[PDB]
Structure formats: structure tokens, C-alpha cells
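Based on the hints, put chain U in the right spot on chain Y.
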Amino acid sequence: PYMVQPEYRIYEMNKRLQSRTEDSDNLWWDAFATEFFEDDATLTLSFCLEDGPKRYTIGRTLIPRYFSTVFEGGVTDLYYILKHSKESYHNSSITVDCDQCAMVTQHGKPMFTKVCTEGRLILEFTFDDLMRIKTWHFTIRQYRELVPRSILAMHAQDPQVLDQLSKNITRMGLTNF
Amino acid sequence: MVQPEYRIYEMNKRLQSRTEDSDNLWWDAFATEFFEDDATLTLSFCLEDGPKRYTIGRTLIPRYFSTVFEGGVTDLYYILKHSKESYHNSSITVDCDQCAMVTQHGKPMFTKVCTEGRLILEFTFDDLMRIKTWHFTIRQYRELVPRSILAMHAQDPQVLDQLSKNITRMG
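Here the protein sequences line up with chains Y and U, keeping their order. The working numbering applies: residue 1 is where the first sequence begins, and numbers increase by one. The working numbering applies: residue 1001 is where the second sequence begins, and numbers increase by one.
Incorrect hints may appear among the rest.
What the hints assert, rightly or not - List of simulated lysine to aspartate or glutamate pairs, EDC-like, C-alpha gap at most 20 Å:
1) Y:83 <-> U:1020
2) U:1013 <-> Y:118
3) U:1081 <-> Y:23
No wet-lab data here; the hints were simulated from the structure.
Next comes chain Y alone, as it looks inside the complex:
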């Protein structure tokens, strides 16, 4: 009766990523993959290095493992910004071809780094009622680790920062790290 256009599917995927928790198990990730990918889908990461092109292709089975992995090291947020996508409708598929795609991951402590991985993202959807990704190909061109700067001078005098210093010397020694 209706049909989701493909950019709404991606907003859905960002929204679903936002409800992941530190308690989300592997079954939650399996359902994430079942929601958005096809049963035979693949996910490819591509780099152009001095040695030549580097392909990393993940089968459908490990697509859930991949997303769980991106979250592993204290990550709290992951989302996708697609800038100026081009859609092309085919007989049985739609392709979303984004030249400026940014994958954003927010880290927690101690750095609270915002990581931006940017490149070309090619998405092949099925012209389906379900509208799931059949191929995900991400060619990485650019990478940034953004660190919050200390905005005010008095921040370097915060007694909580100095306590963190003193709490190291309490648990470890002064001659000890």
C-alpha cells in the first residue's frame, strides 16, 4: 500500500542505534541485522593504500558482530550522516550512492573523543515491502579524532581534576604507575 523511500530507512537505522544500551546482548544485534539487512547481504570496507586497494568483506553472519564491535570500546553513540545522496531505481533494487557519508562514533572517558570516518557509501536496497540492505560498501577516504578543548582557563584548576591526580597517587604510589 505504501513504500518507505530509502533515506527514511537510514533514519530508522540511526534511530534504532540510539536505543542500544550497555546491556544490549548479541540477540539484540541479531535483530538489528534482521531488521535492516537481507539474509544474504554483505558489508564491505575499502581503502586505497600504498600497497593497493584493501577490501574487507563481511558476510551476513558477521554483520551483527561488526556493529557490536564498533560499540565495544566505551562508545556511546554511532550514527550516519549522508550528504547529497543519489538514488537510482532499478528493476529489483534501489541504490543509494553517497559521496560524502560520515560515520560518527562518540567515545566516553577518559578522552570523550568524537570519531568521524568519512567516505563514499554505496547502499543497495531491495525494492521490497521490507526494504532491507542487500549490499553495504563503504570506501573510507578521511578520518578525524576530535577532542573537546578546555574552554575556560579555570578548568585547569578544578578541584575534581586535581582529585583525579591525587586518586592515582592514593591507589598507586608516587613511585608507581
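Chain U only, in chain Y's frame:
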């Protein structure tokens, strides 16, 4: 099954089509697309002296958004997290306690600025679904700088070139 939060995704997409040469007329069409003819926009702070509220009238709403692009900014988008949607007579409320306004700067710092807080949006329950009120309570602010990832970046001859250009501007 109507989905009001996506209206802001569309705003994000629409903002991306802004160019370095986007008119005042362009921003007036932007405002007309997403805001009612009588909308207001309010930013709020809780400060040492009490609530401070800044409210913009509809005619000043396009100039709000283009001002955000005046410092050499290249991107502006909104990230809404765990929004609660509410349906009234003729209105829908979108209340997001984790709204992030993200702006990308250009040279020399290439900063990414994240302004975060509570965003409340009142939409008309009609076919255009345009914003009646936009109320943003700013609770958190971060200026993120790209770090230098590799030690050899400090020896880059283009970095030394800009230094050399500087000393020329001295005598």
C-alpha cells in the same frame, strides 16, 4: 502512522543543500518550508542570575539560520535522541531531552561544535507539518578540535610553508 521527528531529518537534508552563495531569498524559502507564518524560536539558559530567554519572531527565523553559517561554517544538522511524541487537537509535540546541534567550522581550527540540551517543537497537525514553536534549552556545549594523529604531521612542509608566509607579514 505519522512520524514527526523525520521532519527534522528533512530539515537536515534541506540544510545540506545550502551553498556558499545561498540567497536571503533562499533562506526565506527554507523558513517557509519548515515554519508556520507565525512561528517563534526560543533559546533558554539557566544561569547564575536566573532564566535567560531569547525569542526570535518568524520574520527573523531565516536570519537566525543563515547567521549560523556566517563564520565559515560548512555543515549544520540536528541529532535528536529518545524523543517523546505527543498528539493533541491540531498539534503534535516533539520533546527531545538529548538534542545536539552540530556545526562544522573551516580553517584554521576546523572545529566541530556540539550544543546540546532539551528541544521542544510544536508542529501543526496538517499536511505540511510545519513548526509552530521551537524551544531549545541549552545545557551543554563542546568545541571539538581534530587532533594531530601522526607525529610526522608536525614536519609537513605545508605546515612550515604557512609559518614562512607569516614571517613575511612582519619585516
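A quick look at each hint next to the structure:
For a cut-off of 20 Å, the pair hint linking residue 83 of chain Y to residue 1020 of chain U stands: about 16 Å separates their Cα positions. Simply put, residue 1013 of chain U and residue 118 of chain Y have alpha-carbon atoms about 17 Å apart, close enough for the 20 Å limit, and the pair holds. A hinted pair counts as satisfied when its Cα atoms are at most 20 Å apart, and residue 1081 of chain U with residue 23 of chain Y qualifies at roughly 18 Å.
Hint compliance for this structure: every hint is met.
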